[PDB]
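Input sequences plus hints: build the corresponding full structure.
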Amino acid sequence: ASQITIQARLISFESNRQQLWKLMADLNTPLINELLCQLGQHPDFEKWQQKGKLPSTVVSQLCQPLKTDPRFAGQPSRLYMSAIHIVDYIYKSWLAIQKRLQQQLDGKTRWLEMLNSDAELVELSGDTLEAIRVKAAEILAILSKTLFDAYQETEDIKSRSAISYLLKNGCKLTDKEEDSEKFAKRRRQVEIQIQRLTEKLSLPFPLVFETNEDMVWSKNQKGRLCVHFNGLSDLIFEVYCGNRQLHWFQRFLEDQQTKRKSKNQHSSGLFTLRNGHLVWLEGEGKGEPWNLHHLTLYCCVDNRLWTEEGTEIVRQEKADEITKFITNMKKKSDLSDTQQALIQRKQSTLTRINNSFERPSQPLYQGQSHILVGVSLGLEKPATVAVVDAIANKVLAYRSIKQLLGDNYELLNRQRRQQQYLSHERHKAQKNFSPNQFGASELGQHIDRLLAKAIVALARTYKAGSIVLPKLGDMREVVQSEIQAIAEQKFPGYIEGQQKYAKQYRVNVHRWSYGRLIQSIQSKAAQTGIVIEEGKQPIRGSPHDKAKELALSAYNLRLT
Amino acid sequence: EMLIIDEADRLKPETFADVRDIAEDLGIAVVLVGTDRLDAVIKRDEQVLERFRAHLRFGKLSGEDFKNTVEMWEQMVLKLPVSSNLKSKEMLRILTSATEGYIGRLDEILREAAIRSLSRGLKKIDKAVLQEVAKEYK
RNA sequence: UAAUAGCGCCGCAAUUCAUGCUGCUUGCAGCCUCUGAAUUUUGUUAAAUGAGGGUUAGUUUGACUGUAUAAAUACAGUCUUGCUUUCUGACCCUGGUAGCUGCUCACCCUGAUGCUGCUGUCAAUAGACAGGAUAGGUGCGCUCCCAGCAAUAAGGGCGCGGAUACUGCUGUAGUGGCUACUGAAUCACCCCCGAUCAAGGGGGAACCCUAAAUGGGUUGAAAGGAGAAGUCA
Ligand SMILES: Nc1ncnc2c1ncn2[C@@H]1O[C@H](COP(=O)(O)OP(=O)(O)OP(=O)(O)O)[C@@H](O)[C@H]1O
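Residue numbers (the entry's author numbering), protein chains in the order written: chain A, 1 to 142, 174 to 232, 278 to 636; chain Z, 139 to 276.
Check the hints yourself; a few may be wrong.
As the list claims (entries may be wrong) - Now the in silico label distances, taken between C-beta atoms and shown as ranges:
no.: 1; chain 1: A; residue 1: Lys-53; chain 2: Z; residue 2: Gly-239; range: 53 to 61 Å
no.: 2; chain 1: Z; residue 1: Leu-216; chain 2: A; residue 2: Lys-135; range: 22 to 30 Å
no.: 3; chain 1: Z; residue 1: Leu-216; chain 2: A; residue 2: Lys-579; range: 57 to 65 Å
no.: 4; chain 1: A; residue 1: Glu-130; chain 2: Z; residue 2: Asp-163; range: 54 to 62 Å
no.: 5; chain 1: Z; residue 1: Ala-155; chain 2: A; residue 2: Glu-553; range: 53 to 61 Å
no.: 6; chain 1: Z; residue 1: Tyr-240; chain 2: A; residue 2: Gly-107; range: 51 to 59 Å
no.: 7; chain 1: Z; residue 1: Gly-239; chain 2: A; residue 2: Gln-560; range: 27 to 35 Å
no.: 8; chain 1: Z; residue 1: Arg-148; chain 2: A; residue 2: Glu-456; range: 31 to 39 Å
no.: 9; chain 1: Z; residue 1: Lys-276; chain 2: A; residue 2: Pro-439; range: 38 to 46 Å
no.: 10; chain 1: Z; residue 1: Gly-259; chain 2: A; residue 2: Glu-610; range: 48 to 56 Å
no.: 11; chain 1: Z; residue 1: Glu-202; chain 2: A; residue 2: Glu-456; range: 35 to 43 Å
no.: 12; chain 1: A; residue 1: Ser-510; chain 2: Z; residue 2: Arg-148; range: 57 to 65 Å
Unchecked claim - Partial list, derived from the structure: chain Z residues whose beta carbon lies under 10 Å from chain A:
no.: 13; residue: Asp-177
no.: 14; residue: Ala-178
no.: 15; residue: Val-179
no.: 16; residue: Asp-183
no.: 17; residue: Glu-184
no.: 18; residue: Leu-187
no.: 19; residue: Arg-191
no.: 20; residue: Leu-256
no.: 21; residue: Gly-259
no.: 22; residue: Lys-261
Worth flagging that the hints you see were computed from the coordinates, not collected in a lab. By construction, the Cβ of each residue, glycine as well, lies at the ideal position given by its N, Cα and C atoms.
As structure tokens, this is what we get:
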């Protein structure tokens, strides 16, 4: 899985864009709005929230009686299926948050009604917690996924209270056979949250085209690349890309022509194009929306398919997941009419997958993960690295933040200054204020990408097999402890001065964005081929020592 | 003439005043011994930190000098009929691996291995019992 | 006149070290000469930082094939489109006229993450006019500090009216926001005519090659994953 997206503006006639704006802003988004509302008031909605799996076909079923509606008609099949898909996945994320809120409220009402304190536990249930806690401990600690699911399932007052007590007490050899505070705070926090939940119980949507061939490519008489989409072939758009992204688009036309010249003996499905959104960006100025906003294509390209050697890897992934799909469907005896069509399409792909298109030749680097580049995140130094051997105990080479961001350091300093300025402005914004993006930029993202590129390049230089990153959850405790450590480093025991310096430090050296950095490193390493493991950053020590010990802890846990 | 307060990170901040007083009036060299925690303990002190500023860090002892110490423990403290052990690079790797240079651990490990070997009848110390104590520390 | 102090940065040291340097002794010995790391420690007649607002489908970071090359990388060949960004420059500016609106003010007192704070010129009024990013303070900034103002922090006091949730003492008066039209730059060696849902076309200069031929070249660089939704603050 190395999916990446390229983009290119689409230029066409005004009449060619008035059709696309009206078709989408007036008919396709309202279909998504109505499909979202209907999926919410569906009777089975609370059944879905209990699970994480909205049914495969439900969003489609609510759309078939909606395609013929007076206000949702005239949409191309791809436009309709895109809207359905939009409702499934846009409303997917929507109802995911929905069942978080709705089902959390339901559980809080329920836990409030059932879970109780130690005193009420003794009064109603009255079971000795040590005995049942130790029994459950010897049941689970002595595939524990089944046991954790069982804990997730047990809801009776005594059973849920005792199993949660065992889970939160350490579920292990703890000499303190105490702390009814576990389910006490459980019920208390539940009551507070149920109180809260009792009190509180201009751009159209994109066009996801899940089929690669729904975009048909052609070369203009001037040599420019052109696109027209399935369902709208009278609408022709010209690809205004950049030369860096051009070799993808020339690959699209070449790949499509190659399938044509073989009389569809080639499997679109090894295409370097997987799908493509068709969004409208936002323009500055005035005017009818089609003349202001720039239509933009967002093609998702599996970068692994570019090389011929990489294609065989994809050729092996699909030929394995699909031959399993066949066997999974071959055990059933239902033998539906259109089901056998689906069965038919599968063996068609297997036969069509062994016909190779011309792709470049690359000896994909083989990575031995024994080397462990360890990356340490903090406040004073935003990020430091340590290339350390694990079989030995020597550090091959450290690099600090001033040394990974070559010529990008002034960027870090001015980004810290900007993050100070923007935070002061947001605090000054109070509750009533104009939009707070005034003066904001994506300098933080540029730095979080420059840093990931350098870290991965350093890993590749030393043949590193893995890059180790701190768990993002432990990034508030770590920064708080680093502030404390700096405080006692400056003021030894003068507590007043320590607090004052902590305040003044938080004023200037703001918290970094340790989510975009971990995500950008995950993207870059995955693109290059370096697997990423996660360890536990040590609480104290010098940043270089913290990085080295993180890297070693990662290997120690890998040994398990 | 000299008052050596060992483990001087224990006493409360309100008695550093009295040790200051002693050193202040009697002209007595007060030597506070303690783990590094003692330094932070006096760091909070405003004069204790100023008054007690000459210091002498204990060496970790690692290196050739550690190799000497190892053999020095064989003859001086272990007191066994000579077994021609001589703490060879193998036993030295084990002990550098295990003790990390701390004299305590050098002593704890060697005494345990000697006691074990003599309890099981072994006249000298085998590599087996050395691996035993090594694993049972780390 | 004053900006003390604090806090963050940035050098500059100084020391200790290796991820260095050096040496083979090949994992030890030195060394700090570069490169870093880690302290602390100054703010040099200075080193490096450096935050008023804007302007380019700017340039550079590119693809394929071949060669050298294990690779990188180099070189040659062929192609080239303008996306979204981060810088570095260069340049422009310190906006106007119209409307529509928001807030805040009887009067005190403290003083906020409050506002203001440039150079001349003419006043010395409170404003013009010229300049203009060097812009109160420190090497450089700050919510810190200084100076004025402070009704537009919050709190306290407290007069008269009307009401008996709260009002009035309030002038565009002061500061905001919005829209519409306008002012300048509209760039990447420079200049001119143009495109800007598309368009480039010309004309110079320096330099290099070349004696010399708009003969050719060259006249800053980098990075990519985008959309949607929800939650927290
Ligand atoms: N001169 C010596 N001869 C023999 N054994 C010694 C000697 N010095 C230290 N040791 C041993 O080394 C270990 C160190 O223990 P010791 O109590 O001296 O540690 P410490 O560092 O003083 O402890 P703390 O920090 O608690 O004061 C013990 O096993 C001790 O017997």
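Proposed interface contact between Z/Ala-178 and chain A, which counts if any beta carbon pair is under 10 Å: OK, holds: Z/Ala-178 within 10 Å of chain A, min 6 Å.
Residue hint Z/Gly-259, partner chain A, criterion CB-CB below 10 Å: 36 Å, violated
A/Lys-53 versus Z/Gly-239 beta-carbon gap, inside 53 to 61 Å or not: 58 Å, holds
Cβ separation of Z/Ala-155 and A/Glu-553, checked against the hinted range 53 to 61 Å: 37 Å, violated
Outcome for the supplied range 57 to 65 Å, where the beta carbon pair is A/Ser-510 and Z/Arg-148: For A/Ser-510 and Z/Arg-148 the Cβ distance comes to about 60 Å; the hint holds.
Distance restraint hint 35 to 43 Å, applied to the beta-carbon atoms of Z/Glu-202 and A/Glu-456: 38 Å, holds
Pairwise beta carbon distance, Z/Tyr-240 to A/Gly-107, judged against the given window 51 to 59 Å: Distance hint for Z/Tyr-240, A/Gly-107 holds at roughly 53 Å.
Assessment of proposed distance window 27 to 35 Å (beta carbons of Z/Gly-239, A/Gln-560): At 30 Å between Cβs, range holds.
Restraint satisfaction for Z/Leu-256 [CB to CB of chain A, less than 10 Å]: 34 Å, violated
Status of the hint placing Z/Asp-177 at chain A (closest C-beta pair under 10 Å): Check passed: Cβ of Z/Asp-177 comes within 8 Å of chain A, closer than 10 Å.
Closest C-beta approach of Z/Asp-183 to chain A relative to 10 Å, hint status: 7 Å, holds
Z/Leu-216 versus A/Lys-579 beta-carbon gap, inside 57 to 65 Å or not: 58 Å, holds
The structure fails to meet hints 2, 5, 19, 20, 21, 22 from the earlier list, while all remaining hints are met.
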